[PDB]
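A single chain comes next, written as structure tokens; it is the form deposited without the DNA.
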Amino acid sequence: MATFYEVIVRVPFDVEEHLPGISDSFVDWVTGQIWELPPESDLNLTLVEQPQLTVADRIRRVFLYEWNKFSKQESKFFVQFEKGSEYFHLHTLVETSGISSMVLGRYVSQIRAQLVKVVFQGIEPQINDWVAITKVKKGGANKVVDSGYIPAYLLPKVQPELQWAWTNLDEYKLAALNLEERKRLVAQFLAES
């Protein structure tokens, strides 16, 4: 099956705790963006934190576009935005094609720098390891997972942990924002294992 790298991005949004020194334009931006559920979604919008989602989507797009620069293709991805116990964060799965594991660190470092400039007005987020490549173990190699990781680990999340998801993988397009479809794929995954 298709192989992917996973980068978890903790989403900064608090001007005191995460982004000291940022201008008013940040709060104005995240406060003014209205989100609507697509017709095919069955999510409860009241459980979705829009200001954080606004930052998350921008991070996702900037990350992917920068990744495409390195992969030199429209890389396949599955990105899931979640409200964790400590941080809102993105599980960013991007296919390995065109990106060697030894150079991934430098690439992701460059992507982080781009995020700081574009999304955060040059302000460094005060969150520990806010852009982290998932490793096999501490100090180990960059973890590589296949498509199965999606239905096995990401699709099972429900609201409010699950906040939103995006993908250009046809197999998961419907599942991204549909709990019933996620339920179907999770069931299918268990049956096959």
Given for the second form:
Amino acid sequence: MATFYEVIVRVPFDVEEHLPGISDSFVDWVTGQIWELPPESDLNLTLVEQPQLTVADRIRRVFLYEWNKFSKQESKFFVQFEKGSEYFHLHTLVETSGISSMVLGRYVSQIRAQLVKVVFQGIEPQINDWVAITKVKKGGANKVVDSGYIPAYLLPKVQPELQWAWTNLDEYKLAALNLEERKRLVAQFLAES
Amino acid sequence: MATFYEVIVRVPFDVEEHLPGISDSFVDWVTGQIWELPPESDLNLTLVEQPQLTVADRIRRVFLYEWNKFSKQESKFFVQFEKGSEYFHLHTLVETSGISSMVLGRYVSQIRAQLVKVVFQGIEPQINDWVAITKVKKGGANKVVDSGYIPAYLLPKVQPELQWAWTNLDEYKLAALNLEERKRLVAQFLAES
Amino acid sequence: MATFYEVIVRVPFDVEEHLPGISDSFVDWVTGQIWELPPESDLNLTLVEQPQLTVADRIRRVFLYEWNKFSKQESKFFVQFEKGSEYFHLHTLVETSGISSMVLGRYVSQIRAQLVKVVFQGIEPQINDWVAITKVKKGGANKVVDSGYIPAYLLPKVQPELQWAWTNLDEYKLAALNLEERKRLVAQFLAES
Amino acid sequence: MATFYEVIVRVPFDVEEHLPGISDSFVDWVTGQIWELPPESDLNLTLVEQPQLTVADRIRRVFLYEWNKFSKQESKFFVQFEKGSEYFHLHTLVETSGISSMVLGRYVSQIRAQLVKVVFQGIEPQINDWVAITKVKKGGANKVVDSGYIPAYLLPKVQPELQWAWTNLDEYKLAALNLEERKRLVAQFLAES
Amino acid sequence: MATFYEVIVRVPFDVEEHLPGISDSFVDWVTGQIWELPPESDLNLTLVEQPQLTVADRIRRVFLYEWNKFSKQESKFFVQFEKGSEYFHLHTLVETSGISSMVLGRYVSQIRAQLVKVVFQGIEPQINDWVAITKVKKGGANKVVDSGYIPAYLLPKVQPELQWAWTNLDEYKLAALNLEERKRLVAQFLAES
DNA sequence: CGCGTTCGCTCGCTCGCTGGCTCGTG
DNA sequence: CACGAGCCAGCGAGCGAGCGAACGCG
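What's the form solved in complex with the DNA like, now that we've got the form deposited without the DNA?
Next comes the full complex, this chain leading.
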């Protein structure tokens, strides 16, 4: 069946405070990117911090891209951009197929190095553990959950906490940016158990 | 010989008054469960609050199940559902075999938490001490009685006070739901003493 | 709100009687450190055992530093160096934020070991429980108090019992080394309750 | 001031009648121990049951030893070995300093258990209440007297009722084994009141 | 002094029940091995399940051998093959000398993996916990007893419960397969304590 | 005395740490 | 290749609810 690893990445929303030394082309880029809610959505765009989302998106892209290089395939995934009490963080779920838990982290450290070079122009974000692999516990091994995790902990999130979502997993392509669709699946899930 | 611990559980009846926040699936469940008196019984089914019994049963089940997980065995028992002045409460008698009096609670309480998650969908019953271990007194030890306790204090009970009973203890499998069989053993007991 | 843990450290005053084997560089260090009362103070510097205070401070510094490594933040605190019938002892109050009662102990332990290697050049102080966490009672939970604990039990102290104080908590920055400012807050406290 | 607790222990003087099961090494030990009266004494060593005294001494040693483990200090004391109408019994007076009135029991109970293991080789003396804490009354609270209690009730005792005594309390170190010294202080006491 | 760890191993004495998939060469091996009681023995060989003992021995050998690889020495030991109500199980005691309680399990496991490959030709015995280490208590450290444990709990055993014994520990080389030598040391032990 | 309140001791559960493998990269 | 970062099962001090004798006032 489908099993996934979870890698949480914090979004360094502030230029100088998080990325001291970054050029302007960066600050202009994050700005010169306007987000638009697709037809089937129903989210309040006013509650979607666009500047951050623009960064989180790039992150996600490079991540998945660089990841598929290892998995040697089109890894089914489900990214959810969240905004919490501390800071923004991308909840990413990729399918294990192709990456043995014994070597996941040797690869994430390859992607992390890449995010920096591409997204942040070789600048190390001054954020503590901005790319952490979800373990079963401290010193435990890579967690690994099944599809069920999405509607169980990810879907129930609602703005402003919820910001955006992505996913090539058909079963949730609509639940991505639609609080209604979600509420449905989220209910269904709590039922069949 | 056979020794038993006694754990009294108050069975909640008013979904709102006792379990505020509970969904509907629960209220529908307790309802969609009809009780029928087995052939050898002789009780007035009209005096058996089925809605509560439905809950008391589930409690009983999960309690025993979770309990055998500790006793590492098929613990002999005898549960009696009673209805009193204050509220309904399951008189449970499990054999000590395997549970030291010093660590009774830690396990008992491990169960309580379970009942909540399973039976009441993570909702803490607003009832004072709905799961109390019977103490020989104040600051006393966990009271532990022998088989004789059943016919001595449990069997004598008659409707409406008595609502139902369970037991894998052959010696009383018929006295469970039969006021006649009970009156017999109850008398016998009073005799051989 | 702000909640704090309390870690009492007995400061080993007598070099040879408490730290047998310690070099001279240590004894010289504690001596070559002259303390001076800040302008806003009003303490009798004559009653402030500088040699011990020099050590208590080092202790304090390392403690806090190492502590923030755990809390992953600038933990609000309030340390008060006291001198009693038995021996000097730093009353430390750090905010719980970050350290779950369960693990508090394995954290202070690492610190303790750190204090030895850094402050006492790996020499184990021959003092009974020189670093002890406050419990709400033998076998009880790690006592966690709120800001109020400070003016309630710490501020009322006056020389010679009081020796010094530290704190990044603005509300008491002046009460630290000012018996007058103290008496003020100490009074206000006893009133508003 | 100096306050004391009183624990009366019944020294098992009949190897078989009181300690059934004890080995021989014990009976040989008590025998191979000859008592001698120190220079300042004046007691008739002929009236001093050596065999019992040998056990009473061991008892007293272990008692005080184990006790100091609790009081965390050198507890001032005054043990008097007496011989009554029923049996020999050590009158022990230790200073409360360190042992609250709500826990004296649990601490003595531990000592008792220790005396058995060390002194009597895990053999429970068949003597009713051989280790009783002196109370104010039956059902009362743990009694506690001051230094005055020694010359008031303990010193007056004279052979054969008086067998021996001990005490790290200077004021009575001579009155211990000297009927003369005692009679003096005993006199002085009755006067200054 | 001599301290030992205790590793209990069951004995998968069933080709079709415990080792499904095993070849015949194995079943023929355990059979083509006839045990004989040494001269100094006195055991009833009729009560010695030879087929199991043949496996238990191989287990023991590989174990010890592999173990000395870690200990970097000739580890003093004492293995006792026992037959219980559930199944056969080798009581093994190896001297800690060289294996820090921290890596015990990590090593034993390497041994377990070796037993499988060598003794059972890569077939995982379908027995629950067939190679368990004994700990003081849950959450406690690995149990480490001294020489005395042998006569204290191991020697008393008598057929059919006792099946055999090994040991390079001179002091018990004879008590190994002699119920008489055992009874002596077993007695002596109970005395000198 | 009976009976309710202390409060030292018990002992399963938690969760960061140890330290021998594993396996891709330079 | 060997390293050496990432891995993680095994570990066990620390914890804190519970338990129950000891106690001692009404």
